[PDB]
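Asker: These are the residues of each chain, in order.
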Amino acid sequence: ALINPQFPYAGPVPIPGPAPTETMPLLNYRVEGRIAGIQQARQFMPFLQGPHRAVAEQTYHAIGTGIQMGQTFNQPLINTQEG
Amino acid sequence: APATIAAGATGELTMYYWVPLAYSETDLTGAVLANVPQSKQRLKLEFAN
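Read top to bottom, the protein sequences are chains M and J. Its first residue numbered 1, the first sequence is counted upward by one per residue in the deposited numbering. Its first residue numbered 150, the second sequence is counted upward by one per residue in the deposited numbering.
The hints are simulated quantities; they were obtained by calculation from the structure and are not laboratory data. Possibly wrong hints are sitting among the right ones.
[Stated by the list, open to error] To list a few chain J residues with every Cβ distance to chain M over 10 Å, as calculated:
id, residue
1, 166
2, 168
3, 184
4, 185
[What the hints assert, rightly or not] Facing chain J, according to a computed beta carbon distance under 8 Å, are these residues of chain M, among others:
id, residue
5, 65
6, 66
7, 67
C-beta atoms are modelled at their ideal positions from N, C-alpha and C, and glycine is treated no differently.
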């Protein structure tokens with residue numbers, strides 16, 4: 001702010017002001033609020049809580065069976081070298 | 150197989166197929182242990198008609 005003498009800035013907005021209204025009042029709000037609809041315990045989703053496999057491992061079962069059977073052919077006898 | 154079989158003719162054909170179990174003569178991947186214990190193998194063949 002600058003004040004300049006001799007033209008000085010009025011020393012106030014004075015008493016000639018026009019009170020325009022008495023509408024100043026905010027009427028307090030008084031209220032009762034009830035949000036009470038029956039609630040049912042459940043919601044349907046496509047899927048909740050699953051941690052789906054991105055790849056599975058290979059998996060398997062097992063079997064064996066049979067017996068011990070055989071047809072054989074042997075090497076001929078040979079002269080013994082030494083000993 | 151004869152390239153063509155003319156009207157009234159009879160042609161003779163020969164075909165061979167190798168049904169593999171083992172991958173090759175040196176790679177036994179896929180081979181089947183069939184020791185003589187009696188549960189049977191089944192080789193099903195459907196021919197032309």
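Asker: Now, for every hint given, state plainly whether the structure supports it.
Answerer: Results for each hint:
1. 166: 28 Å, holds
2. 168: Consistent with the label, residue 168/J stays out of reach of chain M, its closest Cβ about 22 Å off (over 10 Å).
3. 184: 4 Å, violated
4. 185: Check fails; 5 Å does not lie beyond 10 Å.
5. 65: 6 Å, holds
6. 66: Holds, because the Cβ-Cβ distance from residue 66/M to chain J comes to roughly 3 Å (cut-off 8 Å).
7. 67: Where the cut-off is 8 Å and the nearest Cβ of chain J is about 5 Å from residue 67/M, the hint holds.
The structure is inconsistent with the numbered hints 3, 4, although it conforms to all the rest.
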